[PDB]
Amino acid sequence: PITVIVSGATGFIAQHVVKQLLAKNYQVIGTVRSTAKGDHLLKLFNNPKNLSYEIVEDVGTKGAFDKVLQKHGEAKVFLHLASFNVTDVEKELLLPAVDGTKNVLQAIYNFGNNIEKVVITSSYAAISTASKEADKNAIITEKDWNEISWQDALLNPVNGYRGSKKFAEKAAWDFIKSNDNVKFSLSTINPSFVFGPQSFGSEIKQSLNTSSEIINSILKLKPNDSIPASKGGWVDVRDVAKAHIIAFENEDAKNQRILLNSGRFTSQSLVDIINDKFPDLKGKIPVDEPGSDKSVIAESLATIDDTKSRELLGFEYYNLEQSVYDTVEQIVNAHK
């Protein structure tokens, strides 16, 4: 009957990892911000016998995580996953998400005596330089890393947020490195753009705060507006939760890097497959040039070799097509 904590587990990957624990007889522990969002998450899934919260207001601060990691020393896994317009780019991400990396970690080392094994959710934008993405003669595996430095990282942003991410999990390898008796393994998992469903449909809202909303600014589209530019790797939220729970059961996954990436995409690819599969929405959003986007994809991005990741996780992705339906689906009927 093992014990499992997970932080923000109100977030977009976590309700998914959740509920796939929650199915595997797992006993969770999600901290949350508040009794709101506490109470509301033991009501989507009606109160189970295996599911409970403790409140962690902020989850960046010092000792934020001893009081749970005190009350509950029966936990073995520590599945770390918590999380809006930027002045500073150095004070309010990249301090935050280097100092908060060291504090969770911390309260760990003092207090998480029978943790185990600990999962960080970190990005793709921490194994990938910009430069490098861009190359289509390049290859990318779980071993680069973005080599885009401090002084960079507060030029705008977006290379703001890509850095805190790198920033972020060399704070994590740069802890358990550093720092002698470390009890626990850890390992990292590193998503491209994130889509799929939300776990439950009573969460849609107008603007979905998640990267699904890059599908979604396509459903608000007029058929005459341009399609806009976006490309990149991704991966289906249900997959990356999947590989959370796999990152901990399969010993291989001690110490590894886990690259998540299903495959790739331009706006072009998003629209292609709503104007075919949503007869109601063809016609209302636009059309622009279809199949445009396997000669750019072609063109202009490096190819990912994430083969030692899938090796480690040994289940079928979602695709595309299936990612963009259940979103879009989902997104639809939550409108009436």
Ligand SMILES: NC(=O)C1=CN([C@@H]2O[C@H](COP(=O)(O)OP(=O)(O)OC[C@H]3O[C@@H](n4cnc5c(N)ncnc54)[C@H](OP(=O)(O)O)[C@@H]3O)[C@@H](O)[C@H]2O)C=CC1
Second form
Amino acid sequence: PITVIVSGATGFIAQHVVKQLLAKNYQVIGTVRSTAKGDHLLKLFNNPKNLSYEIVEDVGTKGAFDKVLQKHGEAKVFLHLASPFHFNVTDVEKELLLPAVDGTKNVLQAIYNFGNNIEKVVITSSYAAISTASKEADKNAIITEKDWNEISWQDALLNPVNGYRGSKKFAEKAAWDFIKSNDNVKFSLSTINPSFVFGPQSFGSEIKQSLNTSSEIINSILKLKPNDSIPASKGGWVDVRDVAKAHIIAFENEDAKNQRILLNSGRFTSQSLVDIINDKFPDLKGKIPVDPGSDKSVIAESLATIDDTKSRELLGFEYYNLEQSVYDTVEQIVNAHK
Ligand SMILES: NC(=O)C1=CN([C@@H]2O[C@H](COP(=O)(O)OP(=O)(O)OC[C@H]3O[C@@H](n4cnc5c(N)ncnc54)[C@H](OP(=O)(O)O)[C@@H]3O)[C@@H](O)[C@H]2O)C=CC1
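Show the other one: the form solved in complex with this ligand, since we just had the form deposited without this ligand.
Zooming out: every chain and molecule, the one shown earlier first.
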């Protein structure tokens, strides 16, 4: 017996976290937006005895997790995954910022009140909350877990990218500020800060033409045409399966108490992804562009070093690499259209 609450459980990472949690025989209560969502989640796993679901139509509102904490006082672990990953933002602070910040409070306020036997808590943040624009481009720099993105609130408002990056920064700020501004904090907080999350969905069932994931970075490649220009993008990446695992080690492991945990397997550009696909998918070579080896040089010259040694030590397992992650992503999308 050992109960774990996971919010927004139909999400890309969360669904992996759920699979792995269930495989280690935890009891899992996931929250979902709708009744439809919930019943779909249970059917995907063929209704195990150790998996239930509660409905939180909006994780951000005041008291959003009030009923479930009171109805499930046996739980000890809270994994928070839900956050608007995109919208069509007409106003950053209304649509995006203040939700992330005043919403993260209305999760922790809910737990400080009614999460009585809750001991370990894990929030999913981002590498975008760690790295600053100027630093991330410094080839000579070394960004670690202590680094904070120094973006202003006024800067977060300029556009939706600054918006999203700002939401991550100010929301995780709020989460530590909470455990410092309250007295008998009965739980400990760990945080998972990934770069771009690649990898397959938990179930090939769920594949749609455009994946509501950062694996749309990859998918966008497959919608290119041979004579098309390759859209520039780059940064760190990590596999959804290692990210999900990290969330579990975050409360299983005691050294994880009060830790920011950087999740990053390596670095990519779009050339990296093209190369890997053309190389390993013969039924696609000649149906998308080229220019091989660009990445190596671009990465060496235009990106800092992510030093996540302290994170990779704490976690202690080995990561998927780019070839395998990209492969599993694409192999899954191919074998879904038919
Ligand atoms: N994905 C990446 O590459 C990166 C991810 N992150 C972090 O990863 C976390 C998980 O996103 P991911 O799982 O990666 O991809 P998803 O976008 O698939 O996760 C989205 C999930 O969050 C739920 N959700 C979002 N806002 C609300 C809300 N206001 N009320 C209720 N449910 C909500 C959705 O519910 P429904 O599906 O029912 O609408 C969905 O299940 C995010 O919090 C983000 O900060 C950080 C850096 C990069």
